[PDB]
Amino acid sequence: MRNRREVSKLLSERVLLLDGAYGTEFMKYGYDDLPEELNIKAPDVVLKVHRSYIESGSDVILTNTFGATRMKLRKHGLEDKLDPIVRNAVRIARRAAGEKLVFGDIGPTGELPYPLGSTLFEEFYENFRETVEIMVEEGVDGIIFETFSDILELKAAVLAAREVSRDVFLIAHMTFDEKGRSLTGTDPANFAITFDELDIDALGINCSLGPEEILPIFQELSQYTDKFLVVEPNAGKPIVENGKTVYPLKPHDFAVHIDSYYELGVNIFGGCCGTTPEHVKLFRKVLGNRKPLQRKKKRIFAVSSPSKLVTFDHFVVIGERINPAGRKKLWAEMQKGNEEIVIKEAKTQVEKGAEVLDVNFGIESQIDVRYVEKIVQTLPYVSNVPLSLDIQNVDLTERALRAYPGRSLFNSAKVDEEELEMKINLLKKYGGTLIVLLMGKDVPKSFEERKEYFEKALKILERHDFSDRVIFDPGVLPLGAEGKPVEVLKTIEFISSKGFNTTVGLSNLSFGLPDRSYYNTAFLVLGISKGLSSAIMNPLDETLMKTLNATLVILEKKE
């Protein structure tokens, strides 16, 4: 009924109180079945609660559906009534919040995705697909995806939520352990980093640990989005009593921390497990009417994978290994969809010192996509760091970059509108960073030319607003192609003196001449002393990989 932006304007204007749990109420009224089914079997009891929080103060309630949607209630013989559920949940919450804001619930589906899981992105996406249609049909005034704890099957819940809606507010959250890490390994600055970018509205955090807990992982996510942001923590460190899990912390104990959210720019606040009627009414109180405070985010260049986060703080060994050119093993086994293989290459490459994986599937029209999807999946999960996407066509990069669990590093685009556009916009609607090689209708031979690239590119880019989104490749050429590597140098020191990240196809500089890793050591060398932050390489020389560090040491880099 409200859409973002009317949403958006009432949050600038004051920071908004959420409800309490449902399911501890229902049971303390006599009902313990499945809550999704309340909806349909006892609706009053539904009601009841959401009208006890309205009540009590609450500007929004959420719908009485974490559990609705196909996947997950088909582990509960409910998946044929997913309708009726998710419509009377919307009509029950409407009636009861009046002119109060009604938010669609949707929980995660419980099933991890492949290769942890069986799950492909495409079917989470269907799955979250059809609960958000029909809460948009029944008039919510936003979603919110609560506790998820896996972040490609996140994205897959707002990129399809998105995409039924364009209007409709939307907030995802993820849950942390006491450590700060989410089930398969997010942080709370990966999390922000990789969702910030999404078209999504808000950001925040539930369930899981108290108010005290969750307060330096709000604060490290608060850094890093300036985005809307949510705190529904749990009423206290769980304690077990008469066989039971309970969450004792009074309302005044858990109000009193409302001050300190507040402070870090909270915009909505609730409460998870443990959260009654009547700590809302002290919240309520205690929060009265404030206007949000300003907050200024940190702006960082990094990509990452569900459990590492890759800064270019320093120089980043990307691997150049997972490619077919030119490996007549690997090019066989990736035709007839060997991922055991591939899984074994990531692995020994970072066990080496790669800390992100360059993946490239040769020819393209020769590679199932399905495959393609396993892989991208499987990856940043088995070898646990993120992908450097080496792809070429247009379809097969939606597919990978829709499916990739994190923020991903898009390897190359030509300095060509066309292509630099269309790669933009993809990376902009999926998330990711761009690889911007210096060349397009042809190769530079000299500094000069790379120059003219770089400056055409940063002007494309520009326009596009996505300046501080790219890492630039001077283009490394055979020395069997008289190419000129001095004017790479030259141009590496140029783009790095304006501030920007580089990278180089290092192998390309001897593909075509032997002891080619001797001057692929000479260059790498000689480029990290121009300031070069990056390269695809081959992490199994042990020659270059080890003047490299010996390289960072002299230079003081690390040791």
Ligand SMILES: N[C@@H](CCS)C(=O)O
The other form holds:
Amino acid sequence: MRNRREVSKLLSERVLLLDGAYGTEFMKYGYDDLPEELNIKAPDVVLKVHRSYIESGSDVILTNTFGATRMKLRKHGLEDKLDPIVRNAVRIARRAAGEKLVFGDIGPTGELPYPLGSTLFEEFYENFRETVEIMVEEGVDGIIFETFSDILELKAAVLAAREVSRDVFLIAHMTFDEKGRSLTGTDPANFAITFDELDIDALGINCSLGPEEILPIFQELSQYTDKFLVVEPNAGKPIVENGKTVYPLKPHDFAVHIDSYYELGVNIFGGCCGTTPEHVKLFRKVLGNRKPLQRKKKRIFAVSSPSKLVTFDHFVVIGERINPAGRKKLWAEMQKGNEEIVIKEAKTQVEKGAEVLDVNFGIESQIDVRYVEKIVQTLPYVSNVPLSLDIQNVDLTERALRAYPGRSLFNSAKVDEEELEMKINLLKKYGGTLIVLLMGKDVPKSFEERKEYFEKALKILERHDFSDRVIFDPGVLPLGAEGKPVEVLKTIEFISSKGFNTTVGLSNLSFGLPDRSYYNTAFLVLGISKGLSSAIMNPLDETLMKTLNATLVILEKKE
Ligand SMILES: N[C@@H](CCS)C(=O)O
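Given the form solved without the named molecule above, I would also like to look at the protein as it appears in the form deposited with the named molecule bound.
And the full complex, kicking off with our chain again.
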């Protein structure tokens, strides 16, 4: 009934109260069935629980659909009841809510993404799309993805939701353990930096921990996003009693935390497992009528994988090896769809110090798009690090970006209006950063020409508001082709002085001469001394890597 603009306006005016738990409430009514099944077998019980929260003051209630997606329902022999389960839930919740807000509630499938599990991004996406379609038809005021443990599954859920409706208010949540990490390794800063730039409306945290434990996790999340914030702690950390799970936190002890969350900018406050109507009644009295606080998010240039956030505040080694160029074996094996060869290359590079991996697929018309989609989804889990997606075709790029688990680095756009716009639009939609190569149709042959491309790039980036999401590659040319490297060093120094990160395709300097290792090392050292932030390079070049380390120590950037 209400769209995202209306909900956003309401949130800007006041902090809202969500509801408590459902799964932990149904047993008290004598129903221990799967919660979702009650929508068909005992809708009266579902209505009573919703009413219990509405009568306690909740401004928003969640539909009884946490496990209502085909992949999850299938595990309970209910996949064929998806439609009645979801439709009945929305109707029941609407009847209880009256004019209060009803958010469609979707939890994770319990299936890990390949290669941890067997599921590809495309299947999670279709799974969530079908449930969202039903909710939008039935009239929800928003959709909340609760309790997610993996960023790829959550990215698929939010992208599917946004494809169904550009108008529905969307909230994405992850649940974090006591160490502040999701099941597949994502910390709050990574979660916020990755999702803040997707077209969702709010981010939040629910479950796993109590209000005291979530506070620092919530604080970290709040510092990295300017989107609305939601929190639903369990009523204390789960503890086992005379047989099973109990949430011990009483109403007063839970409610005293509201102030601390309000100060961190919370927009919607509620409770998860263990929270009861008695808790919600007191939250209502304590919250009262408050206008949300303003926040200023920390700006940062970082890329991520599920378990690693790589911030460009130190020199970043980007492994160049997954590139079939001049590697006839690798080229052959990729055309046939070999994953294990590419996986071996990734792990060895990381072992030697690569913090990010460049991934290129040679003559793209020659490769199976499905293969690009699977490699892109796989490497961040098995090698642990973020990727620099080195792709030429716009269509293939879109496919790689939609399925990338984290915030990627996209390996390059030249300074060409059209090329930049297309790459930026894909990045704005799927998230990510961009390497901008300082050349146009032709290669520049001086510092001055490169500075002009830099300025033209800045004009274009300003126009699409994307200036904070780029790293500049001055364009290293082969020495044997009058590459004039002093001109590139000058450019690096200049870009660094302007506050922008830089990178170079290091090996291009020497790929046509003997002793290339020595030229690459000399140039790297010189480039770092001028401010070079990173480089796509061979991490298996021991001289190169050892001299790199020595340089960082000497320049006091590490020891
Ligand atoms: N909204 C769900 C969350 C389960 S983690 C419930 O209250 O049961």
